[PDB]
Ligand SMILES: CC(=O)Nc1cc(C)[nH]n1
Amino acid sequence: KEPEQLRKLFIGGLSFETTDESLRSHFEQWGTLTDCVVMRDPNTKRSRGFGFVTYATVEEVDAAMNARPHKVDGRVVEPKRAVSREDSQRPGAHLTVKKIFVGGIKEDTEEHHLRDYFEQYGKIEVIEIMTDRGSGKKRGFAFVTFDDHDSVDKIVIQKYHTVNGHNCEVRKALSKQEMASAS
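Can you show the single chain from that sequence in the form deposited without this ligand?
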(Lines of atoms letter the chains of each structure in order from A and count residues from 1; the text may use other names and numbers.)
(Lines give C-alpha, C1' and ligand atoms only; values in the text may rest on other atoms or scores of the structure.)
Protein backbone atom coordinates (compact mmCIF):
# COMPACT_ATOMS: atom_id res chain seq x y z
CA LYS A 1 0.00 0.00 0.00
CA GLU A 2 1.47 3.27 -1.19
CA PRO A 3 0.66 6.53 0.72
CA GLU A 4 -2.93 7.73 0.73
CA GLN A 5 -1.80 11.10 -0.60
CA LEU A 6 -0.32 9.47 -3.72
CA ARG A 7 -3.43 7.35 -4.32
CA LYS A 8 -5.71 10.41 -4.31
CA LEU A 9 -7.00 12.73 -7.01
CA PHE A 10 -8.58 16.16 -6.66
CA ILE A 11 -11.54 16.51 -9.06
CA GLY A 12 -12.36 20.10 -9.96
CA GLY A 13 -15.17 21.68 -11.96
CA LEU A 14 -17.75 19.20 -10.67
CA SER A 15 -21.38 19.66 -11.72
CA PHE A 16 -23.75 21.12 -9.13
CA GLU A 17 -25.57 17.78 -9.06
CA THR A 18 -22.61 15.44 -8.69
CA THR A 19 -22.67 13.43 -5.46
CA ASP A 20 -20.40 11.01 -3.63
CA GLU A 21 -22.46 8.35 -5.41
CA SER A 22 -22.38 9.68 -8.99
CA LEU A 23 -18.68 10.50 -8.63
CA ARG A 24 -17.90 6.98 -7.37
CA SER A 25 -20.00 5.52 -10.16
CA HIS A 26 -17.74 7.16 -12.76
CA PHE A 27 -14.26 6.77 -11.32
CA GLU A 28 -14.75 3.27 -9.98
CA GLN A 29 -14.46 2.23 -13.64
CA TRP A 30 -10.68 2.51 -13.38
CA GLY A 31 -10.17 0.71 -10.09
CA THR A 32 -11.27 0.14 -6.51
CA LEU A 33 -12.00 3.31 -4.53
CA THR A 34 -11.00 3.47 -0.88
CA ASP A 35 -12.48 6.95 -0.54
CA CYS A 36 -14.74 9.23 -2.61
CA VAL A 37 -16.25 12.53 -1.53
CA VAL A 38 -17.95 15.66 -2.84
CA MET A 39 -17.09 18.79 -0.87
CA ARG A 40 -20.04 21.04 0.01
CA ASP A 41 -20.88 24.00 2.24
CA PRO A 42 -21.37 22.89 5.89
CA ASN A 43 -24.44 25.13 6.18
CA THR A 44 -26.27 25.16 2.86
CA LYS A 45 -25.03 21.68 1.93
CA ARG A 46 -24.53 23.17 -1.53
CA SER A 47 -21.78 21.56 -3.61
CA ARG A 48 -18.46 23.43 -3.57
CA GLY A 49 -17.82 22.14 -7.08
CA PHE A 50 -14.96 19.75 -6.34
CA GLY A 51 -14.12 16.56 -4.52
CA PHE A 52 -11.68 13.70 -4.15
CA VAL A 53 -11.44 10.07 -5.19
CA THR A 54 -8.84 7.69 -3.79
CA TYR A 55 -7.86 4.43 -5.48
CA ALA A 56 -6.36 1.28 -3.95
CA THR A 57 -3.14 1.79 -5.96
CA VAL A 58 -1.20 4.54 -7.75
CA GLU A 59 -1.27 2.38 -10.89
CA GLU A 60 -5.05 2.84 -10.79
CA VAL A 61 -4.63 6.59 -10.35
CA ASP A 62 -2.37 6.60 -13.41
CA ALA A 63 -4.98 4.65 -15.40
CA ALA A 64 -7.63 7.22 -14.45
CA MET A 65 -5.43 10.11 -15.57
CA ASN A 66 -4.56 8.38 -18.86
CA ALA A 67 -8.33 8.30 -19.47
CA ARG A 68 -8.79 12.07 -19.76
CA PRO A 69 -10.97 13.86 -20.76
CA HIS A 70 -13.30 12.94 -17.90
CA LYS A 71 -17.00 13.74 -18.09
CA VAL A 72 -19.06 13.35 -14.92
CA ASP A 73 -22.82 13.88 -14.87
CA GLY A 74 -22.63 15.55 -18.28
CA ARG A 75 -19.89 17.98 -17.22
CA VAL A 76 -16.22 17.81 -18.19
CA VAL A 77 -14.32 17.84 -14.89
CA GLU A 78 -10.64 18.42 -14.12
CA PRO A 79 -8.81 15.57 -12.30
CA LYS A 80 -5.48 16.52 -10.72
CA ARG A 81 -2.96 14.78 -8.46
CA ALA A 82 -3.93 15.69 -4.88
CA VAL A 83 -1.54 18.21 -3.32
CA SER A 84 -1.07 17.70 0.44
CA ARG A 85 -2.55 20.24 2.84
CA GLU A 86 1.04 21.21 3.78
CA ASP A 87 2.13 21.73 0.16
CA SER A 88 -1.12 23.53 -0.63
CA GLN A 89 0.19 26.37 1.51
CA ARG A 90 2.91 26.98 -1.06
CA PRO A 91 2.45 29.72 -3.67
CA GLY A 92 1.18 28.35 -6.98
CA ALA A 93 0.91 24.81 -5.61
CA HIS A 94 -2.43 24.37 -7.40
CA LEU A 95 -1.54 25.97 -10.73
CA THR A 96 -2.00 24.02 -13.94
CA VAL A 97 1.48 24.35 -15.49
CA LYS A 98 3.66 22.37 -17.92
CA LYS A 99 6.98 23.75 -16.71
CA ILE A 100 9.08 22.98 -13.63
CA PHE A 101 11.88 24.83 -11.87
CA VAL A 102 14.74 22.45 -10.99
CA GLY A 103 17.03 23.95 -8.36
CA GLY A 104 20.40 22.98 -6.99
CA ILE A 105 22.00 21.26 -9.96
CA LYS A 106 25.77 20.85 -10.29
CA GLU A 107 27.71 23.20 -12.54
CA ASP A 108 28.62 20.36 -14.89
CA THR A 109 24.98 19.38 -15.35
CA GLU A 110 24.07 18.90 -19.01
CA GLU A 111 20.69 18.47 -20.71
CA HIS A 112 20.98 14.69 -20.96
CA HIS A 113 21.27 14.59 -17.17
CA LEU A 114 17.83 16.21 -16.95
CA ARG A 115 16.38 13.99 -19.70
CA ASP A 116 17.60 10.75 -18.14
CA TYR A 117 15.59 11.45 -15.00
CA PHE A 118 12.59 13.45 -16.20
CA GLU A 119 11.59 11.59 -19.36
CA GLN A 120 10.28 8.81 -17.12
CA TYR A 121 7.49 11.27 -16.26
CA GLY A 122 6.37 12.38 -19.71
CA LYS A 123 7.20 13.87 -23.10
CA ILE A 124 9.68 16.72 -22.69
CA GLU A 125 9.27 19.73 -24.97
CA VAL A 126 12.04 22.05 -23.74
CA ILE A 127 15.03 21.97 -21.40
CA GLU A 128 16.76 25.17 -20.29
CA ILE A 129 19.87 25.18 -18.08
CA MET A 130 20.34 28.73 -16.84
CA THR A 131 23.55 30.75 -17.06
CA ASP A 132 24.33 34.33 -16.08
CA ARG A 133 23.71 36.98 -18.73
CA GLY A 134 27.15 38.07 -19.93
CA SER A 135 29.06 36.03 -17.35
CA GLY A 136 28.39 32.66 -18.93
CA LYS A 137 28.50 31.20 -15.43
CA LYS A 138 26.06 28.40 -14.61
CA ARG A 139 23.42 29.55 -12.13
CA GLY A 140 22.64 26.14 -10.64
CA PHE A 141 19.06 25.72 -11.87
CA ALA A 142 17.03 24.82 -14.94
CA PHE A 143 13.53 24.67 -16.43
CA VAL A 144 11.90 21.65 -18.03
CA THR A 145 8.69 21.87 -20.02
CA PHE A 146 6.46 18.85 -20.68
CA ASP A 147 3.47 18.30 -22.99
CA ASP A 148 1.12 17.30 -20.15
CA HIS A 149 0.48 19.27 -16.92
CA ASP A 150 0.01 15.92 -15.20
CA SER A 151 3.69 15.08 -15.78
CA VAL A 152 4.50 18.17 -13.73
CA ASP A 153 1.95 17.34 -11.03
CA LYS A 154 3.25 13.77 -10.80
CA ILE A 155 6.76 15.10 -10.28
CA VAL A 156 6.23 17.87 -7.75
CA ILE A 157 4.20 15.69 -5.39
CA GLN A 158 7.30 13.46 -4.93
CA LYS A 159 9.93 14.69 -2.48
CA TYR A 160 13.23 13.63 -4.01
CA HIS A 161 14.59 13.83 -7.55
CA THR A 162 18.10 12.72 -8.51
CA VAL A 163 19.82 14.50 -11.41
CA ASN A 164 23.50 14.25 -12.31
CA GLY A 165 24.03 12.03 -9.28
CA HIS A 166 22.48 14.31 -6.65
CA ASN A 167 19.15 15.39 -5.26
CA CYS A 168 17.62 18.57 -6.67
CA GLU A 169 14.51 20.50 -5.62
CA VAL A 170 11.65 20.62 -8.10
CA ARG A 171 8.75 23.08 -8.03
CA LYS A 172 6.09 24.30 -10.42
CA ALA A 173 7.53 27.19 -12.44
CA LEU A 174 6.13 30.61 -11.47
CA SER A 175 6.46 33.74 -13.62
CA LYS A 176 8.50 36.68 -12.34
CA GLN A 177 5.22 38.39 -11.42
CA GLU A 178 3.66 35.40 -9.67
CA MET A 179 6.60 35.00 -7.30
CA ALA A 180 6.71 38.75 -6.73
CA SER A 181 3.14 38.48 -5.45
CA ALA A 182 4.37 35.56 -3.33
CA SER A 183 7.61 37.24 -2.27
Given for the second form:
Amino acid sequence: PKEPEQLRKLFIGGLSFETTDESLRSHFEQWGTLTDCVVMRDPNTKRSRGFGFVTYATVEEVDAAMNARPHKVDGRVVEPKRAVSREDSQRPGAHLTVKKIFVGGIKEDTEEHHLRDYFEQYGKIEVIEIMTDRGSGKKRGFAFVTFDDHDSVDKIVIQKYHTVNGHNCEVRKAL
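Got the form deposited without this ligand; could you also share the form solved in complex with this ligand?
Below: the lone chain, stripped of partners and molecules.
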Protein backbone atom coordinates (compact mmCIF):
# COMPACT_ATOMS: atom_id res chain seq x y z
CA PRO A 1 0.00 0.00 0.00
CA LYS A 2 2.36 2.77 -1.25
CA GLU A 3 2.29 6.23 0.36
CA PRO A 4 1.00 8.94 -2.03
CA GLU A 5 3.73 10.04 -4.42
CA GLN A 6 3.19 13.70 -3.48
CA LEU A 7 4.25 12.83 0.06
CA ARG A 8 7.47 11.15 -1.17
CA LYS A 9 8.80 14.03 -3.29
CA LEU A 10 11.45 16.61 -2.42
CA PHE A 11 11.80 19.89 -4.36
CA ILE A 12 15.54 20.74 -4.51
CA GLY A 13 16.28 24.42 -4.96
CA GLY A 14 19.60 26.18 -5.34
CA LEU A 15 21.13 23.61 -7.68
CA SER A 16 24.44 24.16 -9.35
CA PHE A 17 23.72 24.70 -13.04
CA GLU A 18 26.10 21.79 -13.71
CA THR A 19 23.93 19.28 -11.79
CA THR A 20 22.25 16.70 -14.04
CA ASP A 21 19.54 14.08 -13.60
CA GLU A 22 22.39 11.63 -13.13
CA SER A 23 24.46 13.59 -10.62
CA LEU A 24 21.40 14.56 -8.59
CA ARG A 25 20.42 10.87 -8.51
CA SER A 26 23.88 9.69 -7.48
CA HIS A 27 23.77 12.12 -4.58
CA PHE A 28 20.29 11.44 -3.26
CA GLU A 29 20.31 7.66 -3.76
CA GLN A 30 22.48 7.54 -0.64
CA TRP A 31 19.29 7.92 1.45
CA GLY A 32 16.87 5.65 -0.38
CA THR A 33 15.42 4.25 -3.57
CA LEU A 34 14.62 7.06 -6.05
CA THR A 35 11.61 6.37 -8.27
CA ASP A 36 12.06 9.77 -9.97
CA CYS A 37 14.87 12.35 -10.25
CA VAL A 38 14.71 15.32 -12.65
CA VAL A 39 16.57 18.63 -13.08
CA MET A 40 14.38 21.39 -14.51
CA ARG A 41 15.81 22.87 -17.69
CA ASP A 42 14.91 25.56 -20.18
CA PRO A 43 12.93 24.04 -23.09
CA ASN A 44 15.02 25.87 -25.72
CA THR A 45 18.54 26.27 -24.28
CA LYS A 46 18.61 23.15 -22.06
CA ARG A 47 20.30 25.38 -19.46
CA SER A 48 19.40 24.34 -15.92
CA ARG A 49 16.71 26.32 -14.14
CA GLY A 50 18.58 25.76 -10.86
CA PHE A 51 16.10 23.42 -9.25
CA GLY A 52 14.63 19.99 -9.56
CA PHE A 53 12.92 17.20 -7.65
CA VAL A 54 13.52 13.64 -6.47
CA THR A 55 10.88 11.06 -5.47
CA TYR A 56 11.72 8.38 -2.93
CA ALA A 57 10.02 5.01 -2.62
CA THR A 58 8.88 5.70 0.98
CA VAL A 59 8.28 8.58 3.39
CA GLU A 60 10.93 7.21 5.75
CA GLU A 61 13.45 7.70 2.94
CA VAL A 62 12.36 11.34 2.59
CA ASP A 63 12.91 11.66 6.35
CA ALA A 64 16.38 10.16 6.01
CA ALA A 65 17.31 12.59 3.25
CA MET A 66 16.07 15.60 5.24
CA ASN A 67 17.88 14.40 8.35
CA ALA A 68 21.11 14.36 6.29
CA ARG A 69 20.97 18.08 5.44
CA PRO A 70 22.92 20.19 4.68
CA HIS A 71 23.30 18.59 1.27
CA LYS A 72 26.20 19.78 -0.86
CA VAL A 73 25.47 18.57 -4.40
CA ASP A 74 28.10 19.08 -7.08
CA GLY A 75 29.85 21.54 -4.79
CA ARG A 76 26.81 23.66 -3.90
CA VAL A 77 24.66 23.57 -0.75
CA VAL A 78 21.09 23.01 -1.96
CA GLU A 79 17.66 23.64 -0.41
CA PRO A 80 15.38 20.58 -0.18
CA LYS A 81 11.75 21.02 0.82
CA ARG A 82 8.87 18.57 0.91
CA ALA A 83 6.38 19.06 -1.91
CA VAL A 84 3.37 21.30 -1.40
CA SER A 85 0.61 18.80 -0.60
CA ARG A 86 -1.98 21.28 0.76
CA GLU A 87 -1.73 24.59 -1.05
CA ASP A 88 -2.82 28.02 0.06
CA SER A 89 -5.61 28.68 -2.46
CA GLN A 90 -4.41 32.29 -2.78
CA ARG A 91 -0.79 31.27 -3.58
CA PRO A 92 -1.11 28.11 -5.68
CA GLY A 93 1.89 25.82 -5.57
CA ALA A 94 3.89 28.03 -3.18
CA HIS A 95 5.62 26.51 -0.14
CA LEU A 96 4.93 28.46 3.06
CA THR A 97 8.34 27.90 4.69
CA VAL A 98 7.83 28.59 8.40
CA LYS A 99 9.17 27.17 11.66
CA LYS A 100 6.08 27.77 13.82
CA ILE A 101 2.76 25.94 14.26
CA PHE A 102 -0.58 26.81 15.76
CA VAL A 103 -1.96 23.99 17.97
CA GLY A 104 -5.65 24.30 18.79
CA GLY A 105 -8.15 22.31 20.83
CA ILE A 106 -5.87 21.60 23.78
CA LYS A 107 -8.39 23.01 26.33
CA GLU A 108 -7.28 24.17 29.80
CA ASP A 109 -5.57 20.97 31.02
CA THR A 110 -2.78 20.79 28.42
CA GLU A 111 0.61 21.90 29.74
CA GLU A 112 4.03 22.55 28.27
CA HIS A 113 5.41 19.06 28.82
CA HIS A 114 2.45 17.49 26.99
CA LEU A 115 3.27 19.49 23.88
CA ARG A 116 7.04 19.05 24.23
CA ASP A 117 6.89 15.27 24.69
CA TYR A 118 4.78 14.93 21.55
CA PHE A 119 6.29 17.51 19.20
CA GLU A 120 9.96 16.95 20.11
CA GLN A 121 9.78 13.81 17.96
CA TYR A 122 9.14 16.00 14.89
CA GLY A 123 12.04 18.35 15.44
CA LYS A 124 14.09 20.51 17.80
CA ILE A 125 11.79 22.81 19.74
CA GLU A 126 12.88 26.33 20.53
CA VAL A 127 9.68 27.93 21.93
CA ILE A 128 6.42 26.64 23.37
CA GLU A 129 3.81 29.33 24.01
CA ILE A 130 0.64 28.22 25.79
CA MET A 131 -1.82 31.05 25.26
CA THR A 132 -3.59 32.59 28.24
CA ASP A 133 -6.25 35.25 28.59
CA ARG A 134 -4.81 38.78 28.80
CA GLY A 135 -7.28 39.72 31.55
CA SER A 136 -7.72 36.59 33.68
CA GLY A 137 -4.66 34.47 32.93
CA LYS A 138 -6.88 31.48 32.15
CA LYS A 139 -5.68 29.13 29.44
CA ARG A 140 -7.38 29.78 26.12
CA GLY A 141 -6.96 26.27 24.70
CA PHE A 142 -4.32 26.82 22.04
CA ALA A 143 -0.56 27.20 21.78
CA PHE A 144 2.30 27.94 19.39
CA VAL A 145 5.37 25.73 19.00
CA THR A 146 8.49 27.09 17.28
CA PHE A 147 11.09 24.69 15.88
CA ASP A 148 14.60 25.29 14.70
CA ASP A 149 13.78 24.24 11.14
CA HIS A 150 10.89 24.15 8.69
CA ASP A 151 10.87 20.41 7.95
CA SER A 152 9.47 19.59 11.38
CA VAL A 153 6.48 21.81 10.54
CA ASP A 154 6.12 20.26 7.08
CA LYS A 155 6.08 16.76 8.62
CA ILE A 156 3.51 17.89 11.16
CA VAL A 157 1.01 19.52 8.84
CA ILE A 158 0.87 16.65 6.34
CA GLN A 159 -0.45 14.29 9.03
CA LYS A 160 -4.23 13.85 9.17
CA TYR A 161 -4.35 13.73 12.99
CA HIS A 162 -2.56 14.94 16.10
CA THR A 163 -3.47 13.54 19.52
CA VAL A 164 -1.98 15.43 22.47
CA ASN A 165 -3.01 14.90 26.11
CA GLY A 166 -5.94 12.86 24.78
CA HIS A 167 -7.18 15.81 22.69
CA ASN A 168 -7.72 15.67 18.92
CA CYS A 169 -5.81 18.83 17.97
CA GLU A 170 -6.03 21.20 15.02
CA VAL A 171 -2.53 22.03 13.78
CA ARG A 172 -1.58 24.51 11.09
CA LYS A 173 1.35 26.60 9.92
CA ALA A 174 1.60 29.87 11.86
CA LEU A 175 2.62 33.41 10.85
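Positions refer to the first chain, counted from 1.
- For the rearrangement between these two forms, modelled as two rigid parts, a shared rigid part is recorded for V38 and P79.
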